[PDB]
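Number of protein chains: 2
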Amino acid sequence: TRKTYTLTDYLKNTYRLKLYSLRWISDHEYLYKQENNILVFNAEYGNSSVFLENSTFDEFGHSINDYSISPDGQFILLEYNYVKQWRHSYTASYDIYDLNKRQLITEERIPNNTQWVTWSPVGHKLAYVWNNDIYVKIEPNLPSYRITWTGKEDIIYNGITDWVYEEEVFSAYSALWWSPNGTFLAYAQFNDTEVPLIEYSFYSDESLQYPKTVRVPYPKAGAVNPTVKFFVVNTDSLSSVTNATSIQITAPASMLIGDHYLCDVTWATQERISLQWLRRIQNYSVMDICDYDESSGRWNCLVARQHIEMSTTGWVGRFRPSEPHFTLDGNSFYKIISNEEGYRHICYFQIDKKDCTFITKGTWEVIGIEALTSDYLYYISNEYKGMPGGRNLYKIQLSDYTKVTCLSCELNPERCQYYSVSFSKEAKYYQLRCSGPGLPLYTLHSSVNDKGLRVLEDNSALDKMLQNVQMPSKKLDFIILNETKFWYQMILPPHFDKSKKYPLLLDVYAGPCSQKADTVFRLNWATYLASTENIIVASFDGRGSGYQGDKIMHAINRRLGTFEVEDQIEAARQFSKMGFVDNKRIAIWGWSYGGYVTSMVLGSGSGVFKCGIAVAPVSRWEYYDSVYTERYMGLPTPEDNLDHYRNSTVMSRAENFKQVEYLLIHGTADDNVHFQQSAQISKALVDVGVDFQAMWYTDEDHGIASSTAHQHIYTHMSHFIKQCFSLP
Amino acid sequence: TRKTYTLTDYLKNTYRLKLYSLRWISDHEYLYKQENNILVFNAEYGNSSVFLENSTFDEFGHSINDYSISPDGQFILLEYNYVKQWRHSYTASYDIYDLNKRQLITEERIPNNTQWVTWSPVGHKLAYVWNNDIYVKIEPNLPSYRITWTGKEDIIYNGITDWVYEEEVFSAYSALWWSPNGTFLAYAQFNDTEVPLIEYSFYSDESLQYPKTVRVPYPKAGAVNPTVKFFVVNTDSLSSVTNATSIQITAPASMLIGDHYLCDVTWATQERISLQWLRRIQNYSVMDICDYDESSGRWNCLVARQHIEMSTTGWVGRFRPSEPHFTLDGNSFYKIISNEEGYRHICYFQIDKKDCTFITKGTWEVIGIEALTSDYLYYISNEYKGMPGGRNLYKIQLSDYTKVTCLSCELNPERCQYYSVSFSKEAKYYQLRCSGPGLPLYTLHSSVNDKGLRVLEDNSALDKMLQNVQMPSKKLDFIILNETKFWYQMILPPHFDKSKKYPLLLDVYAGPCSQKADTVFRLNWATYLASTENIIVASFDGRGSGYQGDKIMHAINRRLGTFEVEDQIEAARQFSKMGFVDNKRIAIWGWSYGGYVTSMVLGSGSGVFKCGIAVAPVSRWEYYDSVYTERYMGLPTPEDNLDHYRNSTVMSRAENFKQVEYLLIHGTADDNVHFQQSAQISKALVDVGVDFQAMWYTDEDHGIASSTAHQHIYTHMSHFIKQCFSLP
Ligand SMILES: C[C@@H]1c2nc(C(F)(F)F)nn2CCN1C(=O)C[C@H](N)Cc1cc(F)c(F)cc1F
Ligand SMILES: C[C@@H]1c2nc(C(F)(F)F)nn2CCN1C(=O)C[C@H](N)Cc1cc(F)c(F)cc1F
Ligand SMILES: *[C@@H]1O[C@H](CO)[C@@H](O[C@@H]2O[C@H](CO)[C@@H](O)[C@H](O)[C@H]2NC(C)=O)[C@H](O)[C@H]1NC(C)=O
Ligand SMILES: *[C@@H]1O[C@H](CO)[C@@H](O[C@@H]2O[C@H](CO)[C@@H](O)[C@H](O)[C@H]2NC(C)=O)[C@H](O)[C@H]1NC(C)=O
Ligand SMILES: *[C@@H]1O[C@H](CO)[C@@H](O[C@@H]2O[C@H](CO)[C@@H](O)[C@H](O)[C@H]2NC(C)=O)[C@H](O)[C@H]1NC(C)=O
Ligand SMILES: *[C@@H]1O[C@H](CO)[C@@H](O[C@@H]2O[C@H](CO)[C@@H](O)[C@H](O)[C@H]2NC(C)=O)[C@H](O)[C@H]1NC(C)=O
Ligand SMILES: *[C@@H]1O[C@H](CO)[C@@H](O[C@@H]2O[C@H](CO)[C@@H](O)[C@H](O)[C@H]2NC(C)=O)[C@H](O)[C@H]1NC(C)=O
Ligand SMILES: *[C@@H]1O[C@H](CO)[C@@H](O[C@@H]2O[C@H](CO)[C@@H](O)[C@H](O)[C@H]2NC(C)=O)[C@H](O)[C@H]1NC(C)=O
Ligand SMILES: *[C@@H]1O[C@H](CO)[C@@H](O[C@@H]2O[C@H](CO)[C@@H](O)[C@H](O)[C@H]2NC(C)=O)[C@H](O)[C@H]1NC(C)=O
Ligand SMILES: *[C@@H]1O[C@H](CO)[C@@H](O[C@H]2O[C@H](CO)[C@@H](O)[C@H](O)[C@H]2NC(C)=O)[C@H](O)[C@H]1NC(C)=O
Ligand SMILES: *[C@@H]1O[C@H](CO)[C@@H](O[C@H]2O[C@H](CO)[C@@H](O)[C@H](O)[C@H]2NC(C)=O)[C@H](O)[C@H]1NC(C)=O
Ligand SMILES: *[C@@H]1O[C@H](CO)[C@@H](O)[C@H](O)[C@H]1NC(C)=O
Ligand SMILES: *[C@@H]1O[C@H](CO)[C@@H](O)[C@H](O)[C@H]1NC(C)=O
Ligand SMILES: *[C@@H]1O[C@H](CO)[C@@H](O)[C@H](O)[C@H]1NC(C)=O
Ligand SMILES: *[C@@H]1O[C@H](CO)[C@@H](O)[C@H](O)[C@H]1NC(C)=O
Ligand code: NA
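As they're listed, the protein sequences go chains B and U. Counted the way full-length UniProt numbering counts, the first sequence spans residues 39 to 766. Counted the way full-length UniProt numbering counts, the second sequence spans residues 39 to 766.
Treat each hint with caution, since some may be false.
Given that identical chains are not distinguished, each listed pair holds provided it fits within a single copy or across any two copies.
Unchecked claim - Here are the computed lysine-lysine pairs in the DSS-like style, where the Cα-Cα straight-line distance is at most 27 Å: (1) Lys622 / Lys760; (2) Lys696 / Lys760; (3) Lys512 / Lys538; (4) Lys760 / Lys463; (5) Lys423 / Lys523; (6) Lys696 / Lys50; (7) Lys513 / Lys622; (8) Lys513 / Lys696; (9) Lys523 / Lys139; (10) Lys760 / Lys648.
Derived by calculation from the structure, the hints in this document are not laboratory data.
Kindly produce the complete structure, drawing on both the sequences and the hints.
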């Protein structure tokens with residue numbers, strides 16, 4: 039009898055997925071770390087040399103967290119003293135190593151506690167943010183030029199995002215954008231002066247006598263938002279003038295009438311930048327296209343070049359308006375937008391014409407535009423086999439839109455249905471990354487003939503390991519509700535028997551534009567539950583889920599906590615009808631949005647679920663941030679949508695938790711979904727006399743991802759599920 | 039078959055203890071509220087009259103929290119808009135009703151948000167504190183005189199205590215002391231300028247969008263403490279034109295050399311006040327005796343009237359140096375102090391003589407001095423039958439100390455072994471309050487020949503109800519450890535069978551000077567556990583416990599988390615060897631100090647306990663307040679006691695929790711034992727990979743006493759204990 043995949047296997051990572059993370063440094067060369075040596079690979083032939091020997095920084099005196107080679111290959115940026123902040127933000131120390139001289143640079147050093155640093159895209163200029171101000175070094179050993187003087191901790195942010203712009207808009211800490219050859223540096227400035235603070239305790243090591251109060255500018259739904267300004271400085275003039283002018287590009291009049299956001303910055307050419315702005319009511323966006331005027335040194339945005347993107351059924355974009363991809367000359371661009379049918383497709387614009395031309399169409403969606411050459415556009419879509427949860431690379435001929443080639447579809451169709459891609463600098467080569475339904479497979483290809491060059495990593499080591507393990511299987515399929523297909527997946531125990539009744543766990547996220555049913559291979563908690571505990575772990579994509587058109591995605595518009603919640607309940611009813619599910623043993627669990635949905639389902643009075651686990655749930659939309667919440671809910675005012683805000687809380691359903699077993703879990707240092715949200719759930723439950731299980735995680739944030747806490751939470755949850763299902 | 043005492047009975051107060059709370063107004067009369075009417079009773083005959091009808095305030099408009107009748111019976115102070123702060127502190131609104139003209143005073147009213155108010159001991163003057171300043175009204179309808187002008191929230195406290203003085207020194211919010219005829223008002227001023235703040239979140243009602251941060255000046259062990267000054271003002275020479283002059287009485291030079299406390303204020307006569315000061319190192323205290331100088335208007339404390347009280351084995355006093363009881367002329371006084379054997383007895387002092395004379399002696403302790411006449415001193419002691427957990431009233435003839443008469447011992451020896459007493463103004467009458475081992479019994483007596491006048495309340499209604507319930511019994515006994523007896527109690531199930539094996543729960547407090555084994559009748563959680571669940575609930579008084587001399591009490595000096603923890607394990611080990619205890623089912627629980635000891639026990643590696651519950655435990659002495667902690671521990675500095683502070687933490691024992699079941703519970707708004715303490719426990723257990731059970735109570739303090747939270751906590755603990763013991 040082969041062993042099963044156990045909780046320890048999962049928690050100790052005994053069965054390891056191999057990756058192949060390369061970094062393109064030119065059109066035909068990439069860097070790859072092998073045995074802590076940095077190797078440089080010729081893409082065409084596969085041969086390598088040592089770029090930087092593992093022993094180079096033995097006497098550095100610090101553990102190096104990451105590195106970054108300048109585009110011209112002359113310098114390497116060494117990152118150490120890494121200190122995490124939020125999802126993307128952190129601070130660090132930096133040294134620069136001169137690759138030609140083979141010397142560490144010791145003068146005019148990047149200061150300690152630096153917030154962000156980046157090379158120019160050409161050469162070896164550096165821009166960094168320190169104490170909320172921007173600085174530029176033209177040469178690594180020379181003095182910095184200060185760009186901004188207004189930086190103020192928790193108040194003014196120059197070239198870095200505040201909490202909400204980092205999480206909800208840019209998915210980055212950085213708010214700086216070099217122009218393509220590095221002449222200009224564009225940046226955003228955020229003003230949080232009147233933004234209210236979330237305040238919570240951080241306990242730290244036990245040696246800390248008094249807990250620390252962490253205070254973060256965080257706008258909750260309907261609260262005062264940060265304001266934003268945009269500037270461009272000419273870095274080439276820095277060594278010529280005492281104090282180079284940052285030229286402001288003001289938002290259009292249509293944004294200035296009320297609260298708004300900067301949502302996209304994309305350079306088109308050396309002297310043309312595009313900016314997208316979004317109204318606080320997130321169904322109206324404007325793209326300005328701005329040209330440098332040589333004789334005035336100003337930036338002007340012609341109204342003839344201004345592009346409106348709006349929605350009548352929901353918000354604009356999946357999570358924000360999509361980025362443009364400009365042709366080399368900067369006179370036209372490609373952009374994913376929702377078509378007349380509500381499906382997201384590639385539209386082609388001339389910069390000074392308002393109507394675009396759709397170059398793709400159909401009842402499927404383009405996920406992203408990956409590369410653009412003079413002859414071809416490359417994109418990922420879920421077109422293949424009508425499967426919204428698959429992903430493949432396509433190539434469309436720019437001079438003939440009827441010529442569309444799927445580059446990945448038929449490579450290994452049994453093993454590989456979910457792809458991402460990595461193109462070299464001028465798209466001469468691409469790495470394909472297959473992530474499922476079989477073991478991940480990494481391969482290299484030449485764009486000139488789309489021929490496979492070689493297999494990079496095929497995970498044969500893991501395959502060999504998994505032969506001696508009773509592994510679960512995955513079913514991906516659909517049910518039909520109101521003449522619409524809704525997709526689900528099931529992690530099924532080994533030797534699955536259709537004539538037996540299995541306990542079922544519903545794994546839920548269900549946020550807007552989410553997808554929990556897909557072709558990705560995962561080794562996770564569900565793997566253990568199916569493999570060792572013989573539990574079916576199911577997930578379902580109902581109304582509000584993504585990549586299936588706006589009719590489904592915008593169904594929850596202004597109504598979170600309704601259809602996406604009901605559809606999970608209905609999914610569980612449908613899984614019962616299938617005949618291999620023990621109706622007396624159906625559980626539900628989720629993290630984040632999934633914790634909200636789980637709690638809403640457990641408080642619905644449906645009778646379907648015996649028990650459930652919510653980890654770091656939202657409990658009331660007014661507690662969550664403005665940008666995310668208002669996108670789907672509008673404003674919590676009597677004029678707008680307050681009634682539904684107040685109607686969609688977990689707390690109002692407290693009495694119904696008498697029918698279920700509930701485990702509530704939250705990290706105390708969660709800056710994202712505040713511990714407040716679960717403090718309010720537990721209080722409401724105490725107030726109606728409902729017994730439940732609770733667990734706080736001291737100083738853990740939204741990820742509860744520290745090594746010991748991760749192991750602890752999954753161990754705690756396993757006991758709870760096993761208890762609920764009467765499993766020994 | 040009759041019912042048992044259930045969890046619902048405990049939580050819903052089905053079986054109510056009747057009380058008889060009287061208020062002496064003279065040597066011959068008392069007030070007693072009956073049916074919301076206030077009656078006045080003649081003590082000699084038992085006849086009464088209505089003092090104030092219930093319906094007098096029918097149209098008042100506010101719900102009245104409490105009342106306070108002026109000593110002359112002319113006025114009644116009406117308390118409403120009560121808002122709790124800490125254990126003793128609150129604010130309220132106040133109105134004064136004139137009892138003779140049957141009218142609310144509407145002029146010059148006491149302000150809203152008043153922090154403290156008190157009648158003078160004679161007549162009807164008022165002193166109140168509002169916004170941290172002291173005010174005086176000579177007549178209820180006249181303008182107040184402002185006494186102090188320095189009051190400042192969280193910084194300067196006039197006539198009220200700060201957090202630590204309220205909790206640990208005075209057990210009161212008031213820091214005001216009227217002289218016996220109301221001429222003078224003495225008061226303390228506290229300065230918290232450099233005291234660090236504990237900060238924690240308060241979530242409030244669901245409607246509060248952002249949690250509030252509560253900030254309280256709170257000195258943890260070793261931190262900067264509040265400073266204190268003491269003043270006396272003449273309320274007979276106040277002026278509308280001139281600001282009042284307060285005369286400062288400075289601490290003795292022996293105190294001024296370093297950090298110190300004011301720990302007692304007691305008026306001796308109309309013109310003589312005593313104060314006791316205590317060093318931050320709490321084994322040295324000094325009493326000053328100060329006389330008013332009529333020609334100079336100053337208060338002089340003659341060095342010849344200083345009395346030093348120190349300890350070579352521990353700290354001074356049980357929780358602080360004891361209060362003196364001055365004779366009529368104030369030329370001599372009686373004070374409980376530790377004798378040369380280390381037993382607390384009454385010493386007789388002359389004001390200007392160094393040596394006092396002990397008037398009581400033996401291997402038992404005086405609990406308190408209760409009344410004093412020229413012929414007798416009346417006191418409570420645990421002398422009778424050599425039982426440290428019994429209490430009886432005695433009088434001692436002041437002219438012949440060999441003549442000691444027990445006044446309560448033989449009244450009802452089977453029902454009544456635990457008394458407290460309330461004397462009338464000149465000790466002409468006394469009320470005895472028996473609280474166990476039988477049902478509470480309240481009686482009135484006259485001092486002249488100790489006649490038992492009448493039974494006030496015998497709880498015969500409860501007795502009749504309890505006849506149809508299967509009530510548990512209590513065993514009080516002792517075990518021997520190193521030739522010393524230590525007492526324990528067991529709450530035994532109904533129909534106890536010493537040939538059956540019962541699970542056992544060890545209920546623990548074990549703080550210094552605590553007593554958990556006594557003759558008191560209680561209806562609590564243990565009653566339910568024994569009556570319904572057939573669990574023996576044991577408590578044990580080991581080293582560090584009170585009322586048995588300093589050899590026992592001071593055993594844990596500088597050494598908390600040692601002998602008192604060991605002695606609980608040893609008691610349980612001994613119980614586990616008794617024929618009627620199931621050694622496979624022994625549990626431990628406690629709250630506060632008992633939560634600390636429970637955790638230290640479960641982390642001891644003893645193997646004796648299967649499971650345990652800690653509620654709001656201390657986890658590290660450096661997190662608790664200075665006044666309590668340093669009393670027993672000294673300072674957490676390398677030159678003093680840091681090493682033991684560091685080795686007496688719960689966190690260091692985390693690994694030893696692997697073999698026990700542990701439930702950790704804490705209120706998030708605990709201002710006393712900060713949530714921090716439990717937050718650090720859970721983190722330590724997570725860090726070593728130990729699974730446990732947790733519950734936080736949102737916005738609950740140290741008492742977890744809100745109605746809903748109280749029902750929830752005991753419900754949750756009941757399930758935990760029953761699960762642990764395999765009980766259905
Ligand atoms: C993962 C998702 C996302 N997906 C994508 C896509 F489509 F590009 F893949 N872009 N983004 C932008 C970032 N995303 C977010 O949903 C951000 C959001 N703050 C996540 C979140 C939602 C919650 F309801 C919550 F309670 C906690 C959270 F962290
Ligand atoms: C109850 C006790 C006490 N008992 C007495 C006595 F002897 F008069 F009964 N006086 N005092 C003075 C006040 N007392 C205290 O112990 C105060 C103390 N802060 C209580 C306490 C101790 C802890 F270890 C703790 F963790 C939390 C607490 F609230
Ligand atoms: C991979 O091999 C190629 C081709 O052999 C190397 O390119 C050059 O090879 C010729 C001799 O065969 C010489 O001109 C030089 O020795 C090489 N020049 C370069 C580009 O370095 C190439 O070096 C190899 N790539 C790596 C990264 O090792
Ligand atoms: C950030 O925004 C705030 C507005 O909240 C600006 O602060 C105001 O500045 C003016 C000067 O123009 C003052 O007269 C006001 O008193 C300020 N108001 C507040 C609320 O402080 C601030 O100038 C902005 N900062 C930057 C660098 O743009
Ligand atoms: C460089 O130029 C900027 C912009 O002109 C200066 O910033 C101004 O500084 C003055 C006085 O310190 C303030 O009154 C303005 O409000 C600032 N404006 C902005 C946009 O920040 C900056 O101080 C200059 N630096 C130097 C070294 O002269
Ligand atoms: C990168 O692009 C910038 C912007 O076009 C170039 O700067 C211009 O250079 C031209 C010469 O072709 C001059 O006419 C302008 O005066 C420059 N404009 C500005 C705003 O500086 C720059 O030379 C390019 N860099 C490189 C190295 O090619
Ligand atoms: C305490 O509060 C009461 C009630 O607010 C005060 O009496 C008045 O109350 C009404 C509303 O109840 C208000 O319109 C007035 O502002 C209050 N003032 C007066 C003088 O009528 C009362 O004054 C307050 N007491 C103190 C000492 O401020
Ligand atoms: C309360 O005691 C005070 C202090 O002894 C009395 O005040 C004194 O009264 C006598 C009058 O016989 C004067 O000689 C003193 O000058 C007063 N001394 C002070 C300190 O003011 C007061 O008479 C007593 N009050 C009552 C109500 O009995
Ligand atoms: C009160 O207690 C302190 C601390 O135990 C005693 O001061 C001395 O301090 C250190 C320990 O911190 C040691 O060197 C001595 O053991 C302590 N003194 C002795 C016994 O010599 C202090 O003596 C105590 N005071 C009284 C009144 O006994
Ligand atoms: C209790 O009884 C006494 C005596 O029977 C009551 O009578 C005394 O006080 C009354 C006025 O307050 C008058 O009736 C008499 O002055 C006086 N009589 C005596 C006994 O000398 C007394 O009021 C009663 N006490 C109460 C509180 O009602
Ligand atoms: C309360 O105590 C503080 C000291 O903590 C007093 O202010 C003093 O301390 C300051 C340092 O924080 C010094 O700068 C001041 O010079 C010093 N003042 C005096 C009078 O010495 C403060 O006055 C105290 N308040 C009261 C009303 O007693
Ligand atoms: C580089 O150092 C590593 C140590 O981590 C060593 O294992 C490796 O063999 C070294 N590289 C080579 C080419 O030997
Ligand atoms: C960073 O901090 C270290 C330690 O304090 C210091 O020695 C070093 O000089 C700092 N580096 C810079 C660039 O200031
Ligand atoms: C944006 O949303 C609001 C609220 O639903 C609506 O009233 C308005 O018409 C919308 N605007 C557009 C461009 O559809
Ligand atoms: C009393 O003292 C305060 C503050 O010191 C002052 O403002 C007030 O005017 C004084 N009153 C008189 C009458 O002296
Ligand atoms: Na009698």
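Hints and how they fare:
1. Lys622 / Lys760: both (14 Å within a copy, 24 Å between copies)
2. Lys696 / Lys760: both (20 Å within a copy, 20 Å between copies)
3. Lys512 / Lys538: Close inside one copy (17 Å), not across copies (55 Å); limit 27 Å.
4. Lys760 / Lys463: neither (51 Å within a copy, 67 Å between copies)
5. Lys423 / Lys523: within (14 Å within a copy, 84 Å between copies)
6. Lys696 / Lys50: So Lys696 and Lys50 pass the 27 Å test across copies only (19 Å; inside, 37 Å).
7. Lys513 / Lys622: within (22 Å within a copy, 47 Å between copies)
8. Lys513 / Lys696: neither (34 Å within a copy, 39 Å between copies)
9. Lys523 / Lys139: Neither: 62 Å inside a copy, 82 Å across copies.
10. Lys760 / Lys648: Both: 12 Å inside a chain and 21 Å across chains, each within 27 Å.
Comparing the model with each earlier hint shows violations of hints 4, 8, 9; every other hint is respected.
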